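> If you want the building blocks of each chain, they are given just below.
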Amino acid sequence: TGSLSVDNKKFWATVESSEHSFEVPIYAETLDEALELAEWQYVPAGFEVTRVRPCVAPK
Amino acid sequence: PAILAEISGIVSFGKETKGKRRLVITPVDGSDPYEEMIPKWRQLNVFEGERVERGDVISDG
Numbered sequence: 026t027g028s029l030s031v032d033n034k035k036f037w038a039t040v041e042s043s044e045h046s047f048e049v050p051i052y053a054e055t056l057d058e059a060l061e062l063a064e065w066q067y068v069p070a071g072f073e074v075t076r077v078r079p080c081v082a083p084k
Numbered sequence: 024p025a026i027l028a029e030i031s032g033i034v035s036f037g038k039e040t041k042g043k044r045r046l047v048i049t050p051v052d053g054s055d056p057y058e059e060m061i062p063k064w065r066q067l068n069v070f071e072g073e074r075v076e077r078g079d080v081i082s083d084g
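Taken in order, these protein sequences are the chains called A and B. Numbered per PDB author numbering, the first sequence spans residues 26 to 84. Numbered per PDB author numbering, the second sequence spans residues 24 to 84.
Don't take each hint at face value.
[Unchecked claim] Pairs of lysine-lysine residues, derived as DSSO-like cross-links and limited to a Cα-Cα distance of at most 27 Å, are as follows: (1) 41/B x 35/A; (2) 84/A x 35/A; (3) 34/A x 63/B; (4) 63/B x 41/B; (5) 34/A x 84/A; (6) 35/A x 38/B.
[What the hints assert, rightly or not] Just a few of them, taken from the derived set where beta-carbon distance is under 8 Å, the chain B residues facing chain A: (7) 41; (8) 43; (9) 60; (10) 62.
[Claimed, not checked] Here are the simulated distance ranges between beta carbons: (11) 40/B x 29/A: 12 to 22 Å; (12) 53/B x 43/A: 38 to 48 Å; (13) 42/A x 79/B: 29 to 39 Å; (14) 52/B x 69/A: 34 to 44 Å; (15) 84/B x 43/A: 24 to 34 Å; (16) 48/A x 25/B: 12 to 22 Å; (17) 39/B x 55/A: 13 to 23 Å; (18) 37/B x 37/A: 13 to 23 Å; (19) 66/B x 39/A: 10 to 20 Å; (20) 83/B x 39/A: 16 to 26 Å.
Note that these hints are calculated values from the structure, not bench results. In this text, a Cβ means the ideal position worked out from N, Cα and C, and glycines have one as well.
Could you put the whole structure together from the sequences, leaning on the hints where they help?
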């Protein structure tokens with residue numbers, strides 16, 4: 026549907042719209058990779074990211 | 024984490040679409056990449072290109 030590679034690690038990104046505000050996981054392989062997508066994937070869709078929190082927790 | 028670097032190394036900043044801050048830390052403690060998007064309103068660990076240690080910077084959590 027747009028970006029989102031894999032879910033080896035769960036990254037959290039809370040996004041805010043004109044009124045609505047929600048949280049959505051980011052799916053990528055690398056940290057920076059997800060960091061890119063969290064902003065770069067959501068911002069062209071009119072969604073403005075508010076804050077993120079990567080949840081790696083070594084397996 | 025709180026107001027710290029999850030890994031020791033050189034923490035640097037990158038593009039921010041609006042009022043954010045790209046947190047890209049360059050680990051010296053090991054080959055363990057750690058990057059996130061911390062907003063600019065957040066009291067950051069330190070400035071970009073700065074050397075810090077895992078957890079030890081401003082506030083541990």
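> Given a hint of 10 to 20 Å, does the C-beta separation of residue 66/B and residue 39/A actually sit inside it?
This hint holds: roughly 18 Å between Cβ atoms.
> Lying within 29 to 39 Å: is that true of the beta-carbon distance residue 42/A to residue 79/B?
At 38 Å between Cβs, range holds.
> For the restraint on residue 60/B, tell me whether the closest CB of chain A is nearer than 8 Å.
This hint holds: residue 60/B lies near chain A, its Cβ roughly 4 Å from the closest one there, short of 8 Å.
> What's the verdict on residue 84/A and residue 35/A, does the C-alpha distance respect the 27 Å limit or exceed it?
Within the cut-off at roughly 12 Å; holds.
> Are residue 41/B and chain A close enough, Cβ to Cβ, to be under 8 Å, as the hint says?
With a closest approach of 6 Å, the residue 41/B hint holds.
> Tell me if the beta carbons of residue 40/B and residue 29/A are separated by a distance inside 12 to 22 Å.
Cβ of residue 40/B to Cβ of residue 29/A: about 18 Å, so the range 12 to 22 Å holds.
> Run the distance test for residue 34/A versus residue 84/A: straight-line Cα separation, threshold 27 Å.
Holds: residue 34/A and residue 84/A sit about 10 Å apart, inside 27 Å.
> Do the alpha carbons of residue 41/B and residue 35/A lie within 27 Å of each other, as the hint requires?
holds, 24 Å
> Does 34 to 44 Å hold as the CB distance between residue 52/B and residue 69/A, or does it fail?
At roughly 35 Å between Cβ atoms, residue 69/A and residue 52/B fall inside 34 to 44 Å, so the hint holds.
> Measure nothing beyond the straight line between the CA atoms of residue 35/A and residue 38/B; if it is 27 Å or shorter, mark the hint as holding.
holds, 22 Å
> Given a hint of 12 to 22 Å, does the C-beta separation of residue 48/A and residue 25/B actually sit inside it?
holds, 20 Å
> Using the nearest Cβ pair, does residue 43/B come within less than 8 Å of chain A?
Holds - the Cβ of residue 43/B comes within 8 Å of chain A, reaching about 7 Å at its closest.
In summary, the structure agrees with every hint in the numbered list given earlier.
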